[PDB]
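The complex appears here without one of its protein chains, the remainder shown in place.
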């Protein structure tokens, strides 16, 4: 799974990743 | 505007607010 | 303003929706 991928991001980029992660994790 | 509203949230609740704010503007 | 400092501020003292909208 994509959940094991490691990221190093800050600010807007971190927020956008958070958004996309929760967006992927939904039914 | 709606932007001046104050919030006091942590963790999971902050994240949900953040997501709603970005979907709104 | 690290996003982590704003997240700390929002949880402990409050923040405006405007301050979080800048990180979208």
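Labels A, B and C are assigned to the chains in the order they are written; within every chain, residues are numbered from 1.
Heads up, the rule we're going with is that a residue touches a chain if its C-beta (ideal position, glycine included) is under 8 Å from a C-beta of that chain, and two chains touch if they have at least 3 such contacts.
A.B. asks: For the chain that does not appear here, which of the shown chains does it touch in the whole complex?
C.D. replies: The chain that is not shown touches these displayed chains: A, B, C.
A.B. asks: Where does subunit C touch the missing chain, residue by residue?
C.D. replies: The list for subunit C reads 2-5, 7-8, 11.
A.B. asks: Contact with the hidden chain only, please: which subunit A residues?
C.D. replies: 2-11, 14, 17-18, 21-22, 25
A.B. asks: Which subunit B residues touch the hidden chain?
C.D. replies: Missing-chain contacts on subunit B: residues 10-12, 14-15.
Just so it is clear, only the chains that are shown with their structure count from here on.
A.B. asks: Just curious, how far off is subunit C from subunit A if you go by their C-alpha centres, in Å?
C.D. replies: Going by mean C-alpha positions, subunit A sits 18 Å from subunit C.
A.B. asks: For subunit B versus subunit C, what separation do you get between their C-alpha means, in angstrom?
C.D. replies: Measuring from centre to centre gives 9 Å for this pair.
A.B. asks: What whole-Å value do you get for the distance between subunit A and subunit B if each is reduced to the mean of its CA atoms?
C.D. replies: 18
A.B. asks: Can you list the residues of subunit B that touch 2 or more other chains?
C.D. replies: 18, 22 - these are the residues of subunit B that touch more than one other chain.
A.B. asks: For subunit C, write out the residues touching at least two other chains, lowest number first.
C.D. replies: In subunit C, residues 23-24 touch at least two other chains, as defined above.
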